[PDB]
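Model the placement of chains J, A, B, C, E, F and D with the ligands on the given structure of chain G, informed by the hints.
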Amino acid sequence: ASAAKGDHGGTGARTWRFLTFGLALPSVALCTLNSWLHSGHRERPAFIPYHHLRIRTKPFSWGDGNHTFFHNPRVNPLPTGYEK
Amino acid sequence: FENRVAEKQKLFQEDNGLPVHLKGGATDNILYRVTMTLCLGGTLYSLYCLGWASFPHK
Amino acid sequence: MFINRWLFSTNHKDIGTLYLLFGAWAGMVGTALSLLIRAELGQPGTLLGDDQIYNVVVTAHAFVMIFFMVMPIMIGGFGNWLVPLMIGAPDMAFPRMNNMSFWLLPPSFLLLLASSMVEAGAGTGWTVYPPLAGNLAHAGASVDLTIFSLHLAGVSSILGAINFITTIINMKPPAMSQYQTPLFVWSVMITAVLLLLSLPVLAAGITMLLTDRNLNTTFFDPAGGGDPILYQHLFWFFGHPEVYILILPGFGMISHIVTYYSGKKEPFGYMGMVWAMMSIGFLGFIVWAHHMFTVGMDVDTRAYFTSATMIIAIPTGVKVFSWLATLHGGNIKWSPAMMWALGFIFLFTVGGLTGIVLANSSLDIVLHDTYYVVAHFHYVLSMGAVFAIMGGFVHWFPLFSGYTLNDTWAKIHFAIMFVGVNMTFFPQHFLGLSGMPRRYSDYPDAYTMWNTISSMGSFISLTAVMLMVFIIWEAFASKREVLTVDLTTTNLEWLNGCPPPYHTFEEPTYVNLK
Amino acid sequence: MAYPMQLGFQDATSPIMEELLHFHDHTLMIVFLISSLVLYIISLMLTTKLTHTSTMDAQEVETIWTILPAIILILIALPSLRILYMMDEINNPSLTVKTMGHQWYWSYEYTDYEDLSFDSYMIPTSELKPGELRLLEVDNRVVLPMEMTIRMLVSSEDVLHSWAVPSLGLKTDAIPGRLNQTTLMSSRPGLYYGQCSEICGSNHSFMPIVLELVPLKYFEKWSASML
Amino acid sequence: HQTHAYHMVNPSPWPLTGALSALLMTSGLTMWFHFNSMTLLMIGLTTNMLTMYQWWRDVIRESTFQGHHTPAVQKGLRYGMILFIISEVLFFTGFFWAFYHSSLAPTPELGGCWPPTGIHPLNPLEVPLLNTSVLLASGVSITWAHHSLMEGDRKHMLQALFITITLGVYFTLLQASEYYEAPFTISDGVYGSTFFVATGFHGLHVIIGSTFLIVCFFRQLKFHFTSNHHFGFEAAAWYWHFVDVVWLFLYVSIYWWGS
Amino acid sequence: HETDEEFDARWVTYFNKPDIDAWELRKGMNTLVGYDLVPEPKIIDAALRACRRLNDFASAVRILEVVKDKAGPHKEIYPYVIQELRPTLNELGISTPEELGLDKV
Amino acid sequence: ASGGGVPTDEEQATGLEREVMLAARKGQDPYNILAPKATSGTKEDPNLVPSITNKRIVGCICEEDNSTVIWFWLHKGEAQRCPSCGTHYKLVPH
Amino acid sequence: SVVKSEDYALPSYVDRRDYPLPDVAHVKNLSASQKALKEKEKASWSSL
Ligand SMILES: CCCCCCCCCCCCCCCCCC(=O)OCC(COC(=O)CCCCCCCCCCCCCCCCC)OC(=O)CCCCCCCCCCCCCCCCC
Ligand code: HEA
Ligand code: HEA
Ligand SMILES: CCCCCC/C=C\CCCCCCCCCC(=O)O[C@H](COC(=O)CCCCCCCCCCCCCCC)COP(=O)(O)OC[C@@H](O)CO
Ligand SMILES: CCCCCCCCCCO[C@@H]1O[C@H](CO)[C@@H](O[C@H]2O[C@H](CO)[C@@H](O)[C@H](O)[C@H]2O)[C@H](O)[C@H]1O
Ligand SMILES: C[C@H](CCC(=O)O)[C@H]1CC[C@H]2[C@@H]3[C@H](O)C[C@@H]4C[C@H](O)CC[C@]4(C)[C@H]3C[C@H](O)[C@]12C
Ligand SMILES: C[C@H](CCC(=O)O)[C@H]1CC[C@H]2[C@@H]3[C@H](O)C[C@@H]4C[C@H](O)CC[C@]4(C)[C@H]3C[C@H](O)[C@]12C
Ligand SMILES: C[C@H](CCC(=O)O)[C@H]1CC[C@H]2[C@@H]3[C@H](O)C[C@@H]4C[C@H](O)CC[C@]4(C)[C@H]3C[C@H](O)[C@]12C
Ligand code: CUA
Ligand SMILES: [O-][O-]
Ligand SMILES: [Cu+2]
Ligand SMILES: [Mg+2]
Ligand code: NA
Ligand code: NA
Ligand SMILES: [Zn+2]
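Protein chains in written order, with the authors' numbering: chain G, 1 to 84; chain J, 1 to 58; chain A, 1 to 514; chain B, 1 to 227; chain C, 3 to 261; chain E, 5 to 109; chain F, 1 to 94; chain D, 4 to 51.
Read the hints as simulated data drawn from the structure, not as lab findings.
Hints may contain errors.
From the derived model, a few chain F residues whose C-beta atoms are all more than 12 Å from chain A [said to hold, decoys possible]:
| id | residue |
| --- | --- |
| 1 | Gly4 |
| 2 | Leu22 |
| 3 | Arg25 |
| 4 | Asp29 |
| 5 | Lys37 |
| 6 | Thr39 |
| 7 | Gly41 |
| 8 | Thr68 |
| 9 | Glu78 |
| 10 | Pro83 |
For the chain B half of the interface with chain E, some residues (derived, Cβ under 7 Å), not all of them [as the list claims (entries may be wrong)]:
| id | residue |
| --- | --- |
| 11 | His52 |
| 12 | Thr53 |
| 13 | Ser54 |
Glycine is no exception: its CB is placed at the ideal position from the N, C-alpha and C atoms.
Pulled out of the complex, with its shape left as it was, chain G reads as follows:
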């Protein structure tokens, strides 16, 4: 593809700054908007003690051995279920 844009003649800083501010950062701004609209917590699902999940073959080397490193009490149940 030629994409859909189209501006050479001797490539340069001016063109890449043009791309940075005229395409790249606007796209980041659009995606930032899209993401802030769709954030907001989702219902945490019923806890089911599936045996292929919440694996514990050795205690973790931190904490009480039973909490993952970026444990989030709201959405990460322990092997026994969500914390109080």
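Here is chains J, A, B, C, E, F and D with the ligands on its own, set in the frame of chain G:
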């Protein structure tokens, strides 16, 4: 900021026989001594830890 | 000055010397481990203990021989000493990074030694397959120390690979194209490309094993939807290129030794030798699952891996016949190095041919995990890689040291070793064909006779190893200094004298283009 | 089983093992021939004072020693792959038997009809009966009907093992979470021995396999009595 | 005195301190995993950072201040960096192989399906898509920085490099928040294993690449780069494009195809 | 492509060059002995006479030794070559290695 | 806003890098970056081999595409010949 | 006669059956009688 590369070039090309890792001055020697002391003392400590871990501890 | 020179080195020759000393010390460790193996098996019954102590020994034997003896000696040792001299370069591209490749190896070895001292050691096989190597069947620090040992050895070799590739591409005389560089230099370049591509995949696989053991991942644990066979693919994706890494610098040294002691200015068929090493390197990446013919693989996959593996015989045969064509018409000098190289050509070929037997997946069903595999790879490693190491060591010892060996003692040493390795390993073909498994500390009674002979052979090789140490001592003790070396016009590494000065090629060679 | 001073394969007990023997004979002849030719040429190159040290043209002779090895490989690959696919062909078993590897013993399950299963452990050397084989006998053998196509399914409940019977040409890895299939057909009654063939820890050397091949009617009555 | 153009390096202690830092970090991880202690690990991490600092400090002294980087030396460093990136590609290839192996053949323990029963993947159109636009945008801004440097434009080099770094930081902060918010963990079977180890090593490389860009930023502030000689900047840009491309493979494979 | 006779004549011409120098004498002989042949008497004749023009008796003797060496186990070649060279040996006063005792070990 | 502020190599290159740059501008190659082009190599027109001492190693690629390089020390004084092809070389110390 | 380590870059003598005419003479320095012998060698070798 002003461009002071020229004075650094003079400093690091001074004909004083120092190796490049010590050629900045006395701070190089201090940082070297700290690095090497941590490395050698840490290595001795790792050997102590091996000694400890090589035997059962009830 | 001593610390500056030997701990802070940026010199390709001194760093090569460090690697040779390290690899020689590792070779003693690996030899002792091999004698413990063969002592356990030298009569029926149990000598040392059950299969755990036995297979900690077996596992350490392999890691020591491969990672701490062969690769440091061939690549770190002969590679650092010879490659810059053979292209007229003033050092390696990254001379200070080069020194870190060396100094990562004593810590890697310490970690392996630690693995065997803590808990009950890592009794896993050098392949370290889960779940035996996982945290339930090998609970405790030993396997993790083994993983970290491999991590450090892997970083060492990957940075060394970057160094050798850069040096060989970028630091030749401007008139010298890649098709005017010696075959040993080619062999090191191709080995380095294999190292660069394969070791990161090993590193990925052993890191997954580390996280399965310590962070509750389940890459290889079916309870989490993982698969032990995935580990095997990642390991052997590295592990087949690895055996070509172990032999390629050997092929390069053999080309130089055969050329030199045939009184020739050049190997027969130079571009065919380059082609063959590149072809072997390439085909060595697409055959790894011949280590997995019994794991439950589909028939069409078995057919592909059978055929792709067998193809490697064609470029390898070009090299064997080109060595014979180099001898042809030579003024043969029956030096000790030549004896090592002639033994290499024959015994490597025997081991390559039993590898072709094993490539046939239908026969491999019966031969896999038996001593027939052990016989195959000890012919290519103990009578191939090691024969090339000994040949190169004897040939270039006067360059590195400035002193000569006693050639009569060196021929005695070759003779003893040749009897020893063949007595050790030839009977293991019979043990494999008749069904003796690998990694056994004891065997059904029927297998006694060949196990007894094999163990007696291993003691003859011990006597050869001890005599080697005396021979090196005698050379340094007597101090016969080199005078003239012939054929310098086609062996540039000798042209600066013996030993060469600390700095060579400060003025580069003159090579014009025409 | 292997016998003292044995040099080659155990005698074939299955047609597929007989095919492997003939294919091995074919391949070994080629191995011997090439090894001996290389040894002979080495000796030829080394036994004359005549010399020729100027540059030698390589192009013509490299055709020979590329084409001849390619032809030889094809002469190996053709019968090799024929046995591979014959090994793989559909056969329709009469019976399925599972074996599960464990540290350090095998269990067997025959659940086509009834729930039959048992463990099979090495006989300790101190308990061998006179004339029994050290490290090879088990307490409960894998009784099977002779002259019949059997599906063996192989897995493990702990680490890797590998279920091997050399005289039937069988070796199938025992992998937890995986159910590997192989087929077994004995042309003869008898006792056929094998040993665990993947390193599995402290007693890897000591968890053997013993098949006992008998007529169907004996196998049926044995099966019923093992319930 | 030499009459070739290559660099004979002064005898240096950093190879040894680097190797010993590797011993201390690995024996330190062992001590942490098995003997409940972080002591050796913290020493190893410290000596590793000191080693890297003084080693790359010395490379700057040798080139900007002492003039040892002739064109032949620079060409070697170019090959060195390309080969290093190749090795890192193969390292990630092993984790992509693990991901496809497990997801193309989901085992019964998973429910025989991908994503596994009980796994609720992130929506690839929310933060993962935003992270994709961020790294892509930073590939554009680092290219602007490169062209400004070659054209001799100090201010716009600094502006563009600052924007590139800001986007690298933004990606890292977004990824950190996504890690915390994720309802699955590294212990959630092979789904969590492949997800976090692969994106985790990717995140480490983003941090490494961001740090490298920040080093270039301060060397640029100190006028080290000329409009023609600035290999440290080129190497950091190549590494940055490598980090961007690995992300696109992760996004397509793990976040999108594997959802 | 070159017949035997053409090869021999090139080599005769090489050694016959009146002002051949010492370096060219050695280059010629050390190159020639690399080939799979014992040089024809007419080639050796020209090389010996080059030795004479270069006032080098020792190299003439050495050339005779290398003729014997190139024949290997074919013990008939060297006495034949010496027989053919006897008029030149007599004319130039060249003693054979045998006449000088230099065949003794 | 096309401005400046980035030093040039001409302004700021130093040490050996600067030596190489300044010599290349004069068309000189004191640090051996280029392959020298051969003369006819006769005794009358020998290849002239610069050196900062009184001997230098020569490698002779005797014919185009030879993979074998012929290596020898070239000493100050009378021209020497490649031992394989005879082409002449003469040291020019400076 | 005497070969020295510091001569390694100079043309050297070798006895090699396939390099019959080495790059240097075995003996470079001549006594009075050996000089007279090399003069006599310029005359008919039949008179030696
Ligand atoms: C090749 C390595 C160098 C040799 C090393 C040691 C040399 C030992 C000889 C060894 C000298 C070579 C002769 C090898 C065959 C001898 C055994 C045999 O009859 O083999 C039979 C087969 C299976 O066949 C059968 O099922 C039928 C059984 C028939 C029984 C007949 C009774 C035989 C009497 C007992 C023999 C005792 C064996 C001695 C035990 C030997 C203990 C060391 O076993 C096998 O396949 C073994 C597979 C070996 C594969 C590697 C091949 C390498 C060939 C190199 C030779 C080059 C030139 C030789 C000349 C080579 C000279 C260097
Ligand atoms: C130096 C190391 C090295 C080398 C070079 C090789 C080379 C080869 N190997 Fe080997 N191999 C190992 C070291 C090596 N191997 C190791 C260590 C293992 C076991 C790992 C473990 O499980 O621990 C092993 C395992 C191994 C297996 C797995 C067996 C099993 O576990 O069941 C197989 C199967 O195909 C194999 C095949 C081959 C082949 C075909 C070659 C070929 O490259 C050989 C090609 C050479 C020739 C064929 C000889 C010369 C050729 C001629 C004279 C031409 C004419 C020949 C013909 C026409 C055939 N090897
Ligand atoms: C380079 C690799 C290498 C080498 C050289 C050797 C050498 C030897 N090996 Fe090794 N071996 C392996 C790699 C090697 N081995 C591997 C990979 C395995 C499989 C491991 C596993 O199953 O997991 C294995 C397995 C293995 C077993 C099978 C164990 C089992 O299945 O239970 C046996 C048993 O006999 C054995 C024995 C020997 C013996 C007697 C030697 C002897 O030949 C050793 C004799 C001595 C030497 C060869 C000299 C060594 C030293 C030097 C060369 C240094 C020289 C110094 C200077 C040059 C200055 N080995
Ligand atoms: C379980 C945890 C295990 C952890 C193990 C950690 C092990 C090692 C500790 C590492 C300490 C590193 C210290 C800094 C090293 C910088 C090397 C470098 O930058 O090397 C450069 C060459 O490599 C180049 O370019 C390109 C190559 C750059 C490599 C940078 C360092 C990478 C180290 C990790 C590599 C891992 C590869 C992984 C792939 C799987 C320069 O080479 P020198 O010879 O120095 O100089 C030559 C002079 O002309 C320069 O003026
Ligand atoms: C180079 C190879 C190195 C291999 C590395 C292997 C791992 C090493 C970490 C082991 O370190 C040891 O851990 C012990 C357990 O944490 C400590 O004892 C501590 O715990 C003991 C047991 O409770 C008590 O006796 C003591 O009070 C207390 O010091 C001990 O001091 C420490 O050194
Ligand atoms: C101080 C310097 C002026 C150039 C010079 O020193 O001659 C200017 C020019 C570019 C500036 C940087 C760039 O414009 C990008 C950044 C813009 C932010 O708003 C402030 C920090 C920021 C990082 C600036 C800091 C500082 O004002 C810089 C670095
Ligand atoms: C072994 C590897 C699977 C690794 C995995 O399970 O993770 C698979 C992936 C792609 C496969 C290949 C591709 O399917 C293409 C080929 C298919 C042929 O039927 C067999 C050979 C063939 C060349 C395959 C061999 C082997 O099964 C491969 C390479
Ligand atoms: C063309 C190339 C290089 C020739 C040169 O520039 O000198 C040569 C070197 C090695 C050669 C190959 C090897 O000699 C091996 C094979 C020999 C067969 O006779 C032809 C194909 C064959 C695969 C050759 C093809 C080709 O002539 C190659 C690849
Ligand atoms: Cu079970 Cu080995
Ligand atoms: O690996 O063969
Ligand atoms: Cu392999
Ligand atoms: Mg197996
Ligand atoms: Na035993
Ligand atoms: Na640039
Ligand atoms: Zn020439």
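Quick rundown of the hints versus the structure:
no. : hint  : in the structure
1   : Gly4  : 33 Å, holds
2   : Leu22 : 20 Å, holds
3   : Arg25 : 19 Å, holds
4   : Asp29 : 10 Å, violated
5   : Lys37 : 6 Å, violated
6   : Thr39 : 8 Å, violated
7   : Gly41 : 9 Å, violated
8   : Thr68 : 4 Å, violated
9   : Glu78 : 17 Å, holds
10  : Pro83 : 6 Å, violated
11  : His52 : 4 Å, holds
12  : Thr53 : 5 Å, holds
13  : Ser54 : 4 Å, holds
The structure fails to meet hints 4, 5, 6, 7, 8 and 10 from the earlier list, while all remaining hints are met.
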